[PDB]
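Asker: Got chain C sorted already, so can you dock chains U, A and E onto it with the hints?
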Amino acid sequence: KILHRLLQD
Amino acid sequence: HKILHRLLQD
Amino acid sequence: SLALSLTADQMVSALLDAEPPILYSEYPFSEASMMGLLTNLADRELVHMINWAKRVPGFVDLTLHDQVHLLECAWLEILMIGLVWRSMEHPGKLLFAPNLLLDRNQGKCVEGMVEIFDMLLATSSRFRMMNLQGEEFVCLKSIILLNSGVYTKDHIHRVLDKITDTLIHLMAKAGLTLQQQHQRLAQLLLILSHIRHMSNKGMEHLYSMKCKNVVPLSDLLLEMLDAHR
Amino acid sequence: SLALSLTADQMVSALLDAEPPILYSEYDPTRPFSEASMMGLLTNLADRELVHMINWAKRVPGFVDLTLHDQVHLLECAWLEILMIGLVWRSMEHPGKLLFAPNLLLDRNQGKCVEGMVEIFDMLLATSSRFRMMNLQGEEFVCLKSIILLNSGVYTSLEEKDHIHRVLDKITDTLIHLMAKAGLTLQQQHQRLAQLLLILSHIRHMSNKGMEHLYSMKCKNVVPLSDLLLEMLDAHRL
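Protein chains in written order, with our numbering: chain C, 478 to 486; chain U, 175 to 184; chain A, 39 to 267; chain E, 800 to 1037.
Treat the hints loosely; a few may be bogus.
Claimed, not checked - Under the rule of at most 20 Å between Cα atoms (straight-line distance), these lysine to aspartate or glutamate pairs were calculated in the DMTMM-like manner:
no.: 1; chain 1: A; residue 1: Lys239; chain 2: E; residue 2: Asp906
no.: 2; chain 1: A; residue 1: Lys239; chain 2: E; residue 2: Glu1011
no.: 3; chain 1: E; residue 1: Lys1008; chain 2: A; residue 2: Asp81
no.: 4; chain 1: U; residue 1: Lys176; chain 2: A; residue 2: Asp81
no.: 5; chain 1: U; residue 1: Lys176; chain 2: A; residue 2: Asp141
no.: 6; chain 1: E; residue 1: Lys960; chain 2: A; residue 2: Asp156
no.: 7; chain 1: A; residue 1: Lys191; chain 2: A; residue 2: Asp141
no.: 8; chain 1: A; residue 1: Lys239; chain 2: A; residue 2: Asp203
no.: 9; chain 1: C; residue 1: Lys478; chain 2: E; residue 2: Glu875
no.: 10; chain 1: E; residue 1: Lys1008; chain 2: A; residue 2: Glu242
no.: 11; chain 1: C; residue 1: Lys478; chain 2: E; residue 2: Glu1030
no.: 12; chain 1: A; residue 1: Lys250; chain 2: A; residue 2: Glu149
no.: 13; chain 1: E; residue 1: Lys960; chain 2: C; residue 2: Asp486
no.: 14; chain 1: A; residue 1: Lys146; chain 2: A; residue 2: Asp156
no.: 15; chain 1: E; residue 1: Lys896; chain 2: E; residue 2: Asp906
no.: 16; chain 1: A; residue 1: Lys131; chain 2: A; residue 2: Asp141
no.: 17; chain 1: E; residue 1: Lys1008; chain 2: A; residue 2: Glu153
Claimed, not checked - Covered by chain E, per the in silico footprint, the following chain A stretches (three or more residues, Cβ under 8 Å):
no.: 18; stretch: 53-63
no.: 19; stretch: 214-227
These aren't lab readings, by the way, just hints derived from the structure by calculation. Backbone N, C-alpha and C define an ideal beta-carbon position, used for all residues, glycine too.
The following block holds chain C by itself, in its conformation from the complex:
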């Protein structure tokens, strides 16, 4: 999940 990854940064 790309959005989850970028949000998690």
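Answerer: Frame of chain C, contents of chains U, A and E only:
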């Protein structure tokens, strides 16, 4: 042709 | 235009008096029979909605073609906000007609209807926790009629400002503080964004039921649906 | 929670400070246009804007207080709305044209190069003209954009929707504070506030239509859409 036309004039 | 010279109380009375009646459905459920009951109900409600629209102050002042456009863009929104209003005192259920009250399990009888069902239930629960008054509801329903099709106009915007005045006039009448008035005004109008979203999802669903040729759609209901394609 | 303790001016200051940059497209005015290439330019731009929008969302007051799955959901539901209100905002001083990028200014005849676009194009132009007639302010714009992020997915054990509604109320207080600061009477404030939030209903409508158009372009498999754009698009098909 539009039934909605008729109901708005009745 | 006669609508702009109305007072706030005259505006409330005019909208309350124009409220269409609550209709009944035909006296377990498949997907084709449940869809038929709802499209039959929606077809008969549209006849009363058009006569309700004529009695919304300022709507007669528009040309015939502008009236057609405003109703074509907003008819499903108006049906939906009517459904969530009369479903308020039935938490977790949708009161389509007094003899047609459905829960989430009934939504799964037809595909692609689970999501729209839960959205309608959520909007109804939101109205319930906000203690939406009937005077506020009739203002919101008129706003949908005049706003949803306004871009797609100066007189309409003056009437829209008039209804905003009426909404504020109702809240200050109920004792709400100045800050509570504009906060409640914002909350109510933000619901209209989601009613728009539900209507667009519902319009795609009706189109697939037309294409699946599963249930008989009336010519009027088909022309309203056709106006969105 | 620091978001519920911010004054109106502090709310405006944080939102203005969090604004994302205006990006450029890869448009070459000597390369001839193909409907697939114009789509590629616009979807490339939207993909690069999405990275900035994610980090702009982190800087919206109250957004961090939500769970990671709630943040994912709100952005999935609202990303095209936020792109659209940003488009019509920077297009305000360009009547009859849409400023997708400072080097990509399209008018009506170039939207019909791609099918089904004309209606979305016209609604974007009408929203921009409406903002221009209202003399929408940047402080009002940043308030409206934050409302879309918090409100567009607040419906679709954990009563954290309650906290979102508290932040939304604070932004409504901020909008009213601005309008009073601009000399508007009390009646003018409620009216302008209503006028602004009614626009959001049409931005939702435009996003719903724009999502259907984007999905059709994916199925026609003619324009390269980034993996992030697929997952954001996949979040509305599901």
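Asker: Run every hint past the structure and note whether it holds.
Answerer: Hint check results:
1. A:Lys239 / E:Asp906: Violated. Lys239 (chain A) to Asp906 (chain E) sits at ~29 Å, over the 20 Å cutoff.
2. A:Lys239 / E:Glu1011: Within the cut-off at roughly 11 Å; holds.
3. E:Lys1008 / A:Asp81: violated (25 Å)
4. U:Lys176 / A:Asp81: Since the Cα atoms of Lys176 (chain U) and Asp81 (chain A) sit roughly 15 Å apart, the hinted pair holds (cutoff 20 Å).
5. U:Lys176 / A:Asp141: violated (35 Å)
6. E:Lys960 / A:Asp156: OK: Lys960 (chain E) and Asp156 (chain A) at ~16 Å, within 20 Å.
7. A:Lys191 / A:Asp141: violated (40 Å)
8. A:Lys239 / A:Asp203: violated (31 Å)
9. C:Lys478 / E:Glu875: holds (11 Å)
10. E:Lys1008 / A:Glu242: holds (11 Å)
11. C:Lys478 / E:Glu1030: Holds. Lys478 (chain C) to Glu1030 (chain E) sits at ~8 Å (cutoff 20 Å).
12. A:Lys250 / A:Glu149: Distance of about 12 Å is within 20 Å: holds.
13. E:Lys960 / C:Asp486: violated (24 Å)
14. A:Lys146 / A:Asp156: holds (11 Å)
15. E:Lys896 / E:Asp906: Holds: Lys896 (chain E) and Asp906 (chain E) sit about 4 Å apart, inside 20 Å.
16. A:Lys131 / A:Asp141: Cα-Cα ~4 Å, so holds.
17. E:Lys1008 / A:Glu153: Holds, at roughly 18 Å.
18. 53-63: As far as the stretch 53-63 of chain A goes, the hint is violated, because 0 residues have Cβ atoms under 8 Å from chain E.
19. 214-227: This one holds; 9 residues, not fewer than the three required, reach chain E with a Cβ under 8 Å.
Comparing the model with each numbered hint stated earlier shows that hints 1, 3, 5, 7, 8, 13 and 18 do not hold.
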